[PDB]
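Please read the structure below before turning to the comments.
The complex appears here minus one protein chain, its other protein chains still in place.
Here the chain labels run A, B, C, D and E in written order, and each chain numbers its own residues starting at 1.
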Amino acid sequence: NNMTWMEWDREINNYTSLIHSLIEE
Amino acid sequence: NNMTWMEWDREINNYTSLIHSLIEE
Amino acid sequence: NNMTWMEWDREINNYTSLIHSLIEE
Amino acid sequence: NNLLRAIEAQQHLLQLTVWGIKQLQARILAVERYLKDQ
Amino acid sequence: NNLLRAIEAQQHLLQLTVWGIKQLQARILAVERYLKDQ
Partner (left out) sequence: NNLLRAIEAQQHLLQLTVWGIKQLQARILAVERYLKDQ
């Protein structure tokens, strides 16, 4: 949209870190 | 398979709308 | 990483078969 | 509640991967066409 | 039951994104090879 590949990377990483914590907890 | 990009789009959209409702409910 | 497309295919297939069994059970 | 939160976040990841696949399908089709036209 | 249904539908989405990535890997490899061969 406004989406760039640098922003896409940041958002993938953010959501992946969250899911890791949710799954561990 | 027979899969086209127009069909791929329709199926992504269909499954995404379903998941949204399941998650809200 | 060391990742190749032949290994990528094998791992996708392995995780997909597992999820199928978990969902059925 | 952790599993619902995980599925919500995974859905956001899937939407990001669909955006990226659609960007790449349009860019490879552009390149295919450019080469055909040359 | 809503979460099981969500995971089933998400699995179908993941299969669609794998189909699309494999289509694009074969098409970019074709283009790479075409350019090497030129």
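Miscellaneous remarks
FYI, a residue touches a chain if its C-beta (ideal position, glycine included) is under 8 Å from a C-beta of that chain, and two chains touch if they have at least 3 such contacts.
Touch with the hidden chain on the side of chain C covers residues 3, 5, 8, 11-12, 15-16, 18-19, 22-23, 25. Contact between chain E and the absent chain runs through residues 3-4, 7, 10-11, 14, 17-18, 21, 24-25, 28, 31-32, 35.
Listed for chain A, the residues touching the missing chain in the whole complex are 5, 9, 12, 16, 19-20, 23.
Keep this in mind: only the chains that are shown with their structure count from here on.
Counting hops only between chains that touch, chain A reaches chain B in a minimum of 2. In this assembly, the C-alpha centroid of chain D lies 9 Å from the C-alpha centroid of chain E.
Distance between chain centres (mean CA atoms), chain A to chain E: 20 Å. In chain A, no residue touches at least two other chains.
Listed for chain E are residues 3, 6-7, 10, 13-14, 20, each touching two or more other chains.
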